[PDB]
Amino acid sequence: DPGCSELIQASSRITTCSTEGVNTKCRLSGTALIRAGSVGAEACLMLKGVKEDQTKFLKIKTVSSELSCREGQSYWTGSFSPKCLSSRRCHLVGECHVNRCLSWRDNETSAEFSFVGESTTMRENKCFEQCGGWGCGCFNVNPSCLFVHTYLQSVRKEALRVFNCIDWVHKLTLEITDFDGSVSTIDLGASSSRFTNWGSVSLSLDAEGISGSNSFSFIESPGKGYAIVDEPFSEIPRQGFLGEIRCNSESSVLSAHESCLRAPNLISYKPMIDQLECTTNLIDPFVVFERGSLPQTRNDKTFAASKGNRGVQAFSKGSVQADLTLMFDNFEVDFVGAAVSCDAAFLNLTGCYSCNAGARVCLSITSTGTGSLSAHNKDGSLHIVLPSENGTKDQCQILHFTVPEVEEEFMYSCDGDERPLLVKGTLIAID
Amino acid sequence: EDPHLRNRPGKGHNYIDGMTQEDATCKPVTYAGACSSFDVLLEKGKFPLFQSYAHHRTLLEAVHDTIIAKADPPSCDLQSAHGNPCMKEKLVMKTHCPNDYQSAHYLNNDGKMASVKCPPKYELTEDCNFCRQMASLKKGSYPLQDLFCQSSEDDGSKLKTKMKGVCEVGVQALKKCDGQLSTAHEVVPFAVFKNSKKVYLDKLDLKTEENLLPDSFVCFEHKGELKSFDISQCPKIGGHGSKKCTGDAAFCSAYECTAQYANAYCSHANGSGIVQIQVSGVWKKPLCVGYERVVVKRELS
Amino acid sequence: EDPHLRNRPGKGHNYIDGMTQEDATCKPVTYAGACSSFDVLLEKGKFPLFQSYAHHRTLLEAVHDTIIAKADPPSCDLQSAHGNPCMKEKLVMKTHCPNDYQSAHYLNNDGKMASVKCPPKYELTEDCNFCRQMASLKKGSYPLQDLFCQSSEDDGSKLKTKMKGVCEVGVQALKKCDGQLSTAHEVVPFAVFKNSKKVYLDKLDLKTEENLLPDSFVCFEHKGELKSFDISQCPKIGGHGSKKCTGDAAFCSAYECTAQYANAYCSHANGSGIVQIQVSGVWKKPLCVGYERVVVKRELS
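Protein chains in written order, with the deposited numbering: chain J, 688 to 1118; chain I, 154 to 287, 290 to 379, 393 to 469; chain G, 154 to 287, 290 to 379, 393 to 469.
Extracted from the complex, chain J is given alone in its bound form:
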């Protein structure tokens, strides 16, 4: 919903006016500070040149208050399924020895299991021993060797990214509208700065934050809701704990790439002459994802996901007190003369005064051409910016007042000529 709350004026020290082709244009190259509104309020910026009928609004719509989290350490994990292969060889046959299978290197591939080829997969090479004699398939009295080649592969068609948050950044999801009519949706948190087509914007004051996030780990799911775990971050993988096999990307887990980590001595083996049963006790994070699925009520806030951009946020029921810093890098602002004229009519007025909700004004714009209605009061403290087109449409914005008996006269102009207009309506006390 539209409605510029705070109203400021462009200073003459940062405004350069000129004339090109009988068109008075202005150039902004400075810094203008303004206080950010609450949920629904805005912070318009009107440009003034050498006359009074030339006005270019800079509407900045505020969606709502959000508390983004700063992601630090992160790792991918998921379920897997071991697939080991066995191949017993006789003693003194190729590489079948009693002293070689015991001290076998895990990062070395023997000539027995070298029949597949190149494969980037988290694989290992064990070395077990069996008995000899003709009772199990052997010719020499010395014990034989049982080479085991086990590789890990993903059994489930999905992965989860377990990460944490070091600080909760109060992100302000804004919606800056350019002078020509281009609408851009950006976001500002704590003291971050973004870049647009007219310069840059950042914050100035941020008095809102949630402490105590290092002892909480989050889990990202491919569009199936996030989760929260009540334990500190896991940096050392070990057995008997959630987080023993990690990696670095989703493709490294779904396709099982050798660029991940795993706990040593985790894959259990059952040597039975020539049999093999690769059974692992992998900790499945799906149970934790089910028992700790968002939303989860903690203390007095609400933790959920985020809209538009992928990320974790936090809902807060507090006040919104922040400022805005508008930077300008020699931006050209032109004005052709708006459009045609148009008639306006009052409808209704409801809402509140001296509160964050505001008062909703009802106006009926009736014109014949596509334009924008620019109204103003007497002392230059209120303005109405509503779109206009051919036909009779009902528009309105959010206004703020300090008196329940609003009796202020407005001066609306569709193309330069102003007309008197009086509004009225009672309000209720709210903060």
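Please keep in mind that the hints were generated in silico from the structure rather than gathered at the bench.
Just so you know, even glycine gets a beta-carbon here, dropped at the ideal spot from N, CA and C.
Warning: the hint list may mix true and false statements.
Derived coverage of chain J by chain I (criterion: at least 3 residues anywhere in the stretch with Cβ under 8 Å from a Cβ of chain I; other residues may be distant) [claimed, not checked]: (1) 773-786; (2) 791-804; (3) 823-834; (4) 954-964.
The hints should help you fit chains I and G onto chain J, whose structure is shown.
Just chains I and G, lined up with the frame of chain J:
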């Protein structure tokens, strides 16, 4: 190549029907001769399974020894667009082979012997799937599969491919996948039985039984022609036998060594012996187990 | 890797009208060809943009593809009379043209192929603006810009250079600055769409979109070796086309392989995909996007 591993028991024939222009050096297969149907099997870094198991038989050698039957047609005439049976069985396989080739044989779906044929003067591409026009060509048949053949009569016709979450792999048509499948080229071993189909196995367990069994050793006619010679006809310790035989410490530890009176030469090297494999949860004796790189279609979404 | 540093999709003509002296060889541009108008772009340490987009078209090929207009005259003469249109844009540039060259091509304000030339025997100076009497003599031209084009059809005639701080860049007079004017030579990108002007940019943000495109395939012509071949002639699945062409498996999975009837070996590559551009907050397909080396006139506060 290694000339010591050129000994092939049995008849040792490696030639395809229809195109019998290469049989002067490959019928039989001896230590001499220049045939591309066998010299490529001894290359280092290409087919290590044949180097590890060199005392057994191959595909064509098993066909000429009444083990593996012939397909229909045995030689896929690659002179038209599709139509021939040797088409979809080759488009699904991904085997690397050099140029200057003509014929190539592999294992089909029914466990028989299927191959292709290129009439003069044509050759094959860089993969062997199609052909093209064009130094001198090799009249031999490049083996596309890396399997070993053995003499056995183990029953097993009601056993097919039973993998874990695989749509279509190789030439087998398992279950359909309505969602997005994971098309990738992987190496999955196979195993053929007696009058069965191509059975793929994900978790393979190789068994090597090398002991006092007659099929655990290898022997050939040699002084103190080159064909096969059975070991049960050798003499015993302190007794009398039909035909004498000599060897090393492994052969002399159980039998005797006559040297000048021996008409053959036995040895105990890595490449012979009764070999089993796991299938359907039990142990069975296969007939041709190898490694191939085909298109493995796994589930995803 | 990039094994297609000299492959040119489509036509492949690279010569400026009016100054044609090496067209008898660079039509088309193959791996064994010799053309000084294209080998400069492949030099390591000059134009890194074309080094990254090695598998992409340029500007001259876009002129020969009948998708963009050409300047009149396309070859400006530096030794004619007073009133040369190819001077107000060349004198404001800052380039380093080496010796053994007498021609230079670039893009004008109207978005047309505008180039200059010098009759023998006169070579350019150290910057390529003037000329003097000077080892060899290349029969081509020298690229002055670092741009690239494609088969774009998006309209962009309703756009204009919207830059901040800069008062007048190149030959386009944006706004009039009355304060302190800074004269410096920097790199300012530009964007030319279908039937548009030279719209300069501030922060170029490209985007690659390659998801199964017909232009992402190269067919190696059969030669016994390597030889270029046109890939825009392979039919679809059971469709029709010009000539015949086949490939391995990835190339035959989308097209039709005619076995021995084809005379080209296709493969799978990338680089010639759909290139996007960031302008007006909406991703579009650019037609003449690159970088400039003109003077930058900024207004100080």
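Problem set entry | Coverage of the segment 954-964 of chain J by chain I, judged on three or more residues with CB within 8 Å | holds (count 3)
For this session: Can you take a look at whether the segment 773-786 of chain J is actually covered by chain I? Rule is 3+ residues, C-beta closer than 8 Å.
Result: With 7 residues closer than 8 Å to chain I, the segment 773-786 of chain J meets the three-residue bar; holds.
Exercise. Are at least 3 residues of the segment 791-804 of chain J within less than 8 Å of chain I when you compare beta carbons?
Worked result: Contact hint for the segment 791-804 of chain J vs chain I: holds, 6 residues under 8 Å.
Exercise. At a Cβ distance under 8 Å, does chain I reach at least three residues of the segment 823-834 of chain J?
Worked result: Three-residue rule met by the segment 823-834 of chain J, so holds; n is 3.
Against the hints set out earlier in the document, no violation occurs for any number.
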